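Trainee: Assemble the complex: chain A is given as a structure, and chains B, C, D, E, F, G, H, I and J must be docked to it using the hints.
The residues making up each chain are set out below.
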Amino acid sequence: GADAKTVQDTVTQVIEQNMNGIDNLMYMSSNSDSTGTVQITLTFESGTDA
Amino acid sequence: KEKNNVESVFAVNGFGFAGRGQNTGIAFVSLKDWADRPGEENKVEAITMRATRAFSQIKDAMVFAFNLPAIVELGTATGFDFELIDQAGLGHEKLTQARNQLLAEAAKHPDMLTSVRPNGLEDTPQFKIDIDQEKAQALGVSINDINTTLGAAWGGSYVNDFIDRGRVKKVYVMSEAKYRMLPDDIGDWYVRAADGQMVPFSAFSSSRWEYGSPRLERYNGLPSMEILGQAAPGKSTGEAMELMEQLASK
Amino acid sequence: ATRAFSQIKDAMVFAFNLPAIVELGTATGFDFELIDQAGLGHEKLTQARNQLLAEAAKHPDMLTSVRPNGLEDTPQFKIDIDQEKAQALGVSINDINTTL
Amino acid sequence: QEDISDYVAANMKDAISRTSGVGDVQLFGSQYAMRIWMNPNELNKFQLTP
Amino acid sequence: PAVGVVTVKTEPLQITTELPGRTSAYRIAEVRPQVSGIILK
Amino acid sequence: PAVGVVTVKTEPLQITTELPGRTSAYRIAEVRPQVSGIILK
Amino acid sequence: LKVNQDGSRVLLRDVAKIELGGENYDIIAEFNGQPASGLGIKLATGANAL
Amino acid sequence: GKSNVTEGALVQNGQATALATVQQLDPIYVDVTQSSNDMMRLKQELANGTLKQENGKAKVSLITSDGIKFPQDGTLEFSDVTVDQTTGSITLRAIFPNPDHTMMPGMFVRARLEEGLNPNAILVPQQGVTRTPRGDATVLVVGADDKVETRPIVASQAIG
Amino acid sequence: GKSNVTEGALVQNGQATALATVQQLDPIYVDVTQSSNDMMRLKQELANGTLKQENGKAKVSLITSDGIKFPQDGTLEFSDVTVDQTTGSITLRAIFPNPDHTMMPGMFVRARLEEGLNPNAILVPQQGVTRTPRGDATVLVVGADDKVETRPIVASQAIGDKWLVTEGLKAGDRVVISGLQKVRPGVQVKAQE
Amino acid sequence: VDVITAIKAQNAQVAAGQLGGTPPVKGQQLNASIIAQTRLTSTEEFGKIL
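Residue numbers (full-length UniProt numbering), protein chains in the order written: chain A, 51 to 100; chain B, 601 to 850; chain C, 651 to 750; chain D, 151 to 200; chain E, 38 to 78; chain F, 38 to 78; chain G, 251 to 300; chain H, 185 to 344; chain I, 185 to 377; chain J, 201 to 250.
So here's chain A without its partners, still in its complex pose:
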């Protein structure tokens, strides 16, 4: 039921502030939407263990 904004703030960044000190991170991408949805993608060096 939420907007993307609400989602982003009480969840997305919440998780973001936790995401650290994990190896082979190239980058992290995130999407919040008014569907009440989240997807946070973290891109790791190839051959990094799945």
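There's no promise every hint is true.
What the hints assert, rightly or not - In the DSS-like style, the derived pairs of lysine-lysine whose C-alpha atoms are separated by at most 27 Å in a straight line are: (1) I:366 - I:331; (2) G:252 - B:770; (3) I:227 - I:354; (4) A:55 - D:163; (5) G:267 - H:227; (6) J:226 - B:728; (7) F:78 - H:186; (8) B:770 - D:163; (9) I:253 - H:227; (10) J:248 - B:735; (11) B:708 - I:374; (12) C:728 - B:770; (13) G:252 - C:728; (14) I:253 - J:226; (15) H:243 - C:735; (16) C:735 - G:267; (17) C:708 - C:694; (18) I:186 - H:241; (19) B:659 - I:354; (20) E:46 - I:236; (21) G:252 - C:735; (22) B:708 - B:694; (23) I:186 - H:243; (24) I:227 - B:728; (25) I:243 - I:227; (26) E:46 - B:659; (27) B:694 - B:850; (28) G:267 - J:226; (29) H:236 - F:46.
Keep in mind the hints are simulated off the structure, nothing from the lab.
Mentor: Just chains B, C, D, E, F, G, H, I and J now, kept in the frame of chain A:
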């Protein structure tokens, strides 16, 4: 004093290995390039030894300058990492007591060792405070409100989050320091009665000093007191470690 | 298809057939990011972004097909609760929010 | 030092945290978090509680 | 080894009860009609 | 270094409290039977 | 905090102040005696620190 | 108003309820609620400023619930000395004209009070105002020699 | 005050809601909520002893929400000894002059109320105050021998940064306050104050 | 339930705070840890669970 070898300082109050807290702090130094720190005096060991010696005339401090180890993952310093343990359940005290029993005896061997200390904390005086909820219920204030009216005014407490410049941070409510600095203000705090009447916290409350250790520690799942220091100049550590093990026996 | 659908109204539509690999490209388009370092805010970015595109779009001899991947703002239905009224009414917020 | 304290944690640490090779960061400072300062006597003045 | 110390010196003390006392009107006396009937003016 | 500058002086400001409130008649009377019985009409 | 049926407004700030501040005031750094805030920086186990 | 009673329903002398409520329209009342120390702050504010002229019977204006401000201001009537124990309420009444009966008493419409303010001391555009670090505004401010020196300030009520 | 009734509204005799509220603000009363157990020690101490008073009753102070003391003090009228059931708290009604119209019926403003004014207080910096054994103030004061000897005592109620301590210490005692490392009991020591 | 909530009520951890904890007043020199209600260690205590 050390300006000549010292480029810079980075110092910390409130944080430091062997437990946090206001009573503890630590320093980070940058010295100048060796090429700018000729001779051994301008090399850290003496720099420590000097600073260590001087810091002896400090008051209320255990203040120890130290170089790092070769592998710095295992330790903050050079020197030797030793474990006192409570095997027999002899309890915190004998552990504490029989610990000093060592630092007592070891202090008579500066020939071997230097700057020997515990890496761990002593029992402090905790302030215990006691509800009689009966009186509280008798006064028709519930206890949680106290519990709220307590932890936050005296401890502060976290609530929930907000956003500052596109990112989240934390909400805090707490008493102004001047109102939380003493057992006096304790009952300067109030509670509203279930009938709406405001209730002095001291009314239902009682308190006393206790002790606690600000910290506790174990080894391999047993209570243990680490001890630290160095083999005095000219002394290899095995000599020192060994020396300890002998003193470890008494 | 790409040509034909174009004749429709309202629909960013295209047919596509995915390359040998998502990442692997012998010569296609790029993946770019405007970011907010200062917490400037979205609207500042859009006007920063739309600033880039409008400047971007001026080099067809170099740029082509420069597009935001995402989505423009939309009218919303924003209730501003007068709180005092409610609690002047004795209604509880969460129930209000809840009931919403 | 608080002005600096917070700009760090927010603008830096996590990326510093997400950085390759960084397994842990530790702040010296603190992040801003709203400090509400409770005057008991003004509560009772208003008959109020935390 | 020298030590910081402070000698004894009390004698002087003043303690008081400080707190948000609840003030009230000196005399309120809401006006409660000695009579029934309509309010003219 | 050339900047738009506004030199500050004393500017009288009548901006003041904007606070809450509820409204009432005046004019906020009632009709209370002072005589007891059945309402005929 | 609440109001009245009349609406008289009992506010959060209607008793005590409020301002930003560090999560804890526990910690302080100075640098060369200059007020400071800093980062403890740990190498994640396994990396080339250079 | 309505008939709080219907016909045939028994009545008792001076009974609890009222059969019905008549009400006026011309001058309506809104209850202006004020915070204790503020009313007190302002009364010692009397010490500096105010300055209310003079004609010390103040103007009052409204943003009606639509968010539109009531067409014409209204008379701030009196000052109650009343402290609602749960409130701090300084609550006043500024009687307001209602020719079109748009006022509809009982509502919850707010209201701002304009008191004569002499303390003409300071204002400032926002742009010269540096919010963060917040709690402290600092402005870039011309030094004596044209050497720029900002100076700490207090930026509280942003006036437009 | 306001009118509980507009014109035309019926009223009864001595009816429940008074019509209008008269009031007299020149003087004013401040009911001081007091912890029941507290005032005990008060007379408990005031005969304890010591404590003291000004010989009269009663001068109350004020510091209002501004964080400032009210323009002047006020008179404590009395103490009604009845323990308030749901406040479990004695109340103090101190009539105060309010010929500024500054005070208002109810506040309830902070009232600092002067008290026994202890004639002799042992005030040890809460630095030098180290309890032992459990909850027992141990002062490290070193006598002429300059061999530190921690002399157990009980710190009185905390005050300022220091402990008032009703007992165990005397005047002229040099408090061994800091140096908690270089001083184990009995060790010789060179004082600094 | 009367029993339940009571059990929960009076057997628990009530965390407190510090005397002298941060931020202090300048002129402070007596900060420690505050101790307040805790879980019960013995049946008889539980009986006094009230």
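Trainee: Determine for every hint whether it applies to the structure shown.
Mentor: Hints, verified against the model:
Pair hint residue 366 of chain I plus residue 331 of chain I holds up; C-alpha atoms about 12 Å apart against a cutoff of 27 Å. Of the supplied pair hints, the one linking residue 252 of chain G and residue 770 of chain B holds, its CA atoms being roughly 23 Å apart against a limit of 27 Å. Restraint check for residue 227 of chain I and residue 354 of chain I: satisfied, since their Cα atoms lie roughly 24 Å apart, inside the 27 Å limit. At most 27 Å may separate the alpha-carbon atoms for a hinted pair to count; residue 55 of chain A and residue 163 of chain D meet this at roughly 23 Å.
For the hint linking residue 267 of chain G to residue 227 of chain H, the alpha-carbon distance of about 21 Å falls within 27 Å, and the restraint holds. Between the alpha carbons of residue 226 of chain J and residue 728 of chain B the distance comes to roughly 25 Å, so the proposed pair stays at or under 27 Å and holds. With a C-alpha separation of about 14 Å, the suggested pair residue 78 of chain F and residue 186 of chain H falls inside the 27 Å cut-off, and the hint holds. Only pairs whose Cα atoms come within 27 Å are accepted, and residue 770 of chain B paired with residue 163 of chain D is accepted, the gap being roughly 16 Å.
At roughly 16 Å between alpha-carbon atoms, residue 253 of chain I and residue 227 of chain H fall within 27 Å of each other, so this suggested pair holds. For the hint pairing residue 248 of chain J with residue 735 of chain B, the CA-to-CA distance comes to about 14 Å; that is within 27 Å, so the pair holds. Restraint check: the Cα-Cα separation between residue 708 of chain B and residue 374 of chain I comes to about 22 Å, which is no more than 27 Å; the hinted pair holds. Our distance criterion of 27 Å between C-alpha atoms is met by residue 728 of chain C and residue 770 of chain B, whose separation comes to about 26 Å.
Taking the CA atoms of residue 252 of chain G and residue 728 of chain C, the gap is near 23 Å; set against the 27 Å cutoff, the hint holds. Simply put, residue 253 of chain I and residue 226 of chain J have alpha-carbon atoms about 21 Å apart, close enough for the 27 Å limit, and the pair holds. For the given pair, residue 243 of chain H sits about 24 Å from residue 735 of chain C by alpha-carbon distance, which is consistent with the 27 Å threshold. Between residue 735 of chain C and residue 267 of chain G the CA atoms are separated by roughly 24 Å; this keeps the pair inside 27 Å, and the hint holds.
Taking the CA atoms of residue 708 of chain C and residue 694 of chain C, the gap is about 21 Å. The hint holds against a cut of 27 Å. A C-alpha spacing of about 17 Å is found between residue 186 of chain I and residue 241 of chain H, which places the hinted pair at or below 27 Å, so the restraint holds. This hinted pair checks out: residue 659 of chain B and residue 354 of chain I have alpha carbons roughly 25 Å apart, not beyond 27 Å. For a cut-off of 27 Å, the pair hint linking residue 46 of chain E to residue 236 of chain I stands: about 19 Å separates their Cα positions.
Our distance criterion of 27 Å between C-alpha atoms is met by residue 252 of chain G and residue 735 of chain C, whose separation comes to about 10 Å. Between residue 708 of chain B and residue 694 of chain B, the direct Cα distance comes to roughly 21 Å. Compliance with the 27 Å bound is thereby established for this hinted pair. For the hint linking residue 186 of chain I to residue 243 of chain H, the alpha-carbon distance of about 20 Å falls within 27 Å, and the restraint holds. Of the supplied pair hints, the one linking residue 227 of chain I and residue 728 of chain B holds, its CA atoms being roughly 26 Å apart against a limit of 27 Å.
Our distance criterion of 27 Å between C-alpha atoms is met by residue 243 of chain I and residue 227 of chain I, whose separation comes to about 17 Å. Distance hint between residue 46 of chain E and residue 659 of chain B is fulfilled; the C-alpha atoms sit about 23 Å from each other, no more than 27 Å. Taken as a hint, the residue 694 of chain B and residue 850 of chain B pair is honoured in the structure, with Cα atoms around 13 Å apart against an allowance of 27 Å. Using a Cα cut-off of 27 Å, the hinted pair residue 267 of chain G and residue 226 of chain J holds, with the two alpha carbons roughly 19 Å apart.
Proximity of residue 236 of chain H to residue 46 of chain F is assessed by CA-CA distance (about 22 Å); at most 27 Å being required, the pair is judged to hold.
Checked against the numbered hints listed earlier, the structure breaks none of them; every hint is satisfied.
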